[PDB]
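Here's a solo chain for you in structure tokens, the form deposited without its partner chain.
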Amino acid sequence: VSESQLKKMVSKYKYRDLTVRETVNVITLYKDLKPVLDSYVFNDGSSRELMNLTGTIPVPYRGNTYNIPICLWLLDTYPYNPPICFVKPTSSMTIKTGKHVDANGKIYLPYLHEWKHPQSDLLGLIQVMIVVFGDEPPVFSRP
């Protein structure tokens, strides 16, 4: 959470200061997102220790605010490749599938599709997600 501890976590990232700068900003703006270092399993079959920003973001829907649980995986080429993003329901939630969310909870957005540094960043991504999810919540928890 301190810049210095963040900089150690991302010690094998290609663009470290760029990764850390945006990370510090996301976690200051979104106090319920936290940087964790965890193994990400690719389709190629192999694993990688990568930094994940994980926790919840606040989403207004029909006049109330919901804490929607997400995961934002940063590739070691961050910021030049978009993060890989998931909704993360708890055992007492369901994923609600749609245009922007598949049954594994993976997120699909023009913002991700059009990602280009430096015009695209995590702050702008999160805001897009808030607009999309406030219009169509990707997790359900009640009838």
The other form holds:
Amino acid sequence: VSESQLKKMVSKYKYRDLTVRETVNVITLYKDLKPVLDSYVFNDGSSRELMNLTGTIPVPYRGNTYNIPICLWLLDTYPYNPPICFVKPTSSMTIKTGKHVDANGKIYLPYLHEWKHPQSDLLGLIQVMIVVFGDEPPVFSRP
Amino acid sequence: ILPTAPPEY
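Since the structure above is the form deposited without its partner chain, I would like to see how the form solved in complex with its partner chain looks, so please show that one next.
The complete assembly is shown below, putting the previous chain first.
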């Protein structure tokens, strides 16, 4: 949660200072998003230690607010490349698949396909997720 | 905060 501790976490990012600025603003507004350092595997099988933001974002739907659980991975060349985004349902939820979420919880949005720094950033992304998940929730509670 | 999701009817 400390601005200096974060510099350490992303110390081998190409755009270290950009990445920290975005993360600081994001986690100051969306207080349930925690930065976490974990291994990420690419299609070829190579792994790199990367930061992600994990936790919930508040999404209004039919008059109530839900805390939808997500994980966003910042690649080490962030912000030139988009974050890779997942819904992370608990055992009480199930994924509703569609044009925007596959059965593994991967999220597909036009905002992600069309990413371009600096017209695109983490705040604008989260804003888009809230609107989209507010029309079509990606997780529903189980019976 | 606890994760919640809307009920399906």
